[PDB]
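Presented as structure tokens, the chain that follows is alone, the form deposited without the named molecule.
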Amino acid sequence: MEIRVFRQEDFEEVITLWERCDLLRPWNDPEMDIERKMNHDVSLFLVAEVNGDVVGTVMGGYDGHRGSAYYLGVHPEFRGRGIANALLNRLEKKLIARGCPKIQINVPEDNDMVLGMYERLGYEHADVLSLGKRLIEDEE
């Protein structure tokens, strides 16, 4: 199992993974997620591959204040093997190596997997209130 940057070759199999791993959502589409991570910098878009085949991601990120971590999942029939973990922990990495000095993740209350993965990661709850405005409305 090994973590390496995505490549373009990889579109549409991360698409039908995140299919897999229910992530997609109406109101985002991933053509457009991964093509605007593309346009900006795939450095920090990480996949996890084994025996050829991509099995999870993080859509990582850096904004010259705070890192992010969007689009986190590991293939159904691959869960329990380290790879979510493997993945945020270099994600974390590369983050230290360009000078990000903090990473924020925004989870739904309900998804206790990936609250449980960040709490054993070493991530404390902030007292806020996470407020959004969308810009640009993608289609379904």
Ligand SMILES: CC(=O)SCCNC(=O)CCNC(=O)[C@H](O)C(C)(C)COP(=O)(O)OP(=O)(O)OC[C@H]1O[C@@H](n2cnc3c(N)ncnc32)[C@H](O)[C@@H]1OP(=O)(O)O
The other form holds:
2 protein chains.
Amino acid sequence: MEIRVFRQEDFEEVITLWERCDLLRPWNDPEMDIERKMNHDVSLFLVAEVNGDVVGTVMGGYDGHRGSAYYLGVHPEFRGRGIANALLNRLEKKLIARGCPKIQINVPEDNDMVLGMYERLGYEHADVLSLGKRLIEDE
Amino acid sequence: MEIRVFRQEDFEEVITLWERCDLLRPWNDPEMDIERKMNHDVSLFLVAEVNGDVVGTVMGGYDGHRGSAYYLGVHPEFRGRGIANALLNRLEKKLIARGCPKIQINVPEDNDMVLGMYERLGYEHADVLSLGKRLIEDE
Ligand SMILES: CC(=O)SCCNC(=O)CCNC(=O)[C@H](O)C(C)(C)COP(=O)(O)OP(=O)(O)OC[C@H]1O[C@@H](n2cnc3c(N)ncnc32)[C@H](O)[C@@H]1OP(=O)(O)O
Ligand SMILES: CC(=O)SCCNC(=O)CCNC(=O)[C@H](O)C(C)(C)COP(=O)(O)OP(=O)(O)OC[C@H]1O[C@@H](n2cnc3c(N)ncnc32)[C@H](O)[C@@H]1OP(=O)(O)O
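Can you give me the structure for the form solved in complex with the named molecule, which would complement the form deposited without the named molecule we have just seen?
Time for the whole complex; same chain goes first.
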């Protein structure tokens, strides 16, 4: 099992993996989200490869004050093997390697399995409200 | 009134301002936060100057997927002038200019004023839980 940075050749496999992980949302064009990362900085956008195939990903990121993580997914047939953990742990190390002091992640207030996963990894709930404003609309 | 990017010469004036705005937190070394931004990309770290002095700031950011904003502060004697609004607006334009599709901001749960400011500026609530994990501690 090997964790590495996303490459242009992984483009379609990654999207298909997102489809299978139910990570796609109508308001976020996945082609656009990948192109944004490619143009901005691909280095924290990781994939997990097992026997040559991409079976997991995490779109990590850093803005100069806090790290982030979106599109965390592991293919259904490859779950319960510690891949998401491996992914998150590698991101955290890449983040620390460049001076990132903290990582923040937003999770659906509904998903308990994911909430639990983050808690076991040492993440704690922040007493804040998350607000947002769309700047460029996707289709 | 002029909004522009943070300059090294602004360092002590900004920290002093942050103290005056009660933005400092023990777990965040302000000097360290400024250096992180300088090393990563200073371009979205904006200051507002009036009559030659820095009277407002916003530490904007972009990670390749979402925009962010920290350290939003306006000197107490310069409030109710639209300075905070102008800082956020300019940050939004800079975000859009580089392709950022959306900005997110977490607000303390009980800060009614700030929550109201953002809603009034067109930011909507996300039904999500913010989780965080400290990666490098500041002393
Ligand atoms: C940034 C984000 O979080 S985006 C939102 C993430 N949500 C999704 O991606 C939804 C789709 N789901 C998935 O892709 C996968 O189920 C993931 C990413 C949630 C989990 O991936 P996996 O590789 O199975 O995780 P991994 O094997 O590292 O498991 C991590 C923990 O979750 C636990 N876990 C995995 N599946 C389940 C389950 N069905 N029920 C309860 N716990 C589970 C594991 O037991 C493990 O905990 P442990 O360390 O205490 O054993
Ligand atoms: C990333 C972050 O958010 S960091 C956390 C932010 N919070 C803090 O910094 C706490 C310290 N507070 C401050 O420094 C200032 O009070 C700020 C930055 C919140 C606001 O500064 P100001 O320059 O006064 O805000 P500005 O004048 O642009 O007002 C923005 C909008 O919110 C409303 N608002 C803000 N404060 C008030 C107030 N005391 N009374 C009425 N309306 C207010 C304004 O009415 C305005 O809309 P308007 O067009 O109706 O006037």
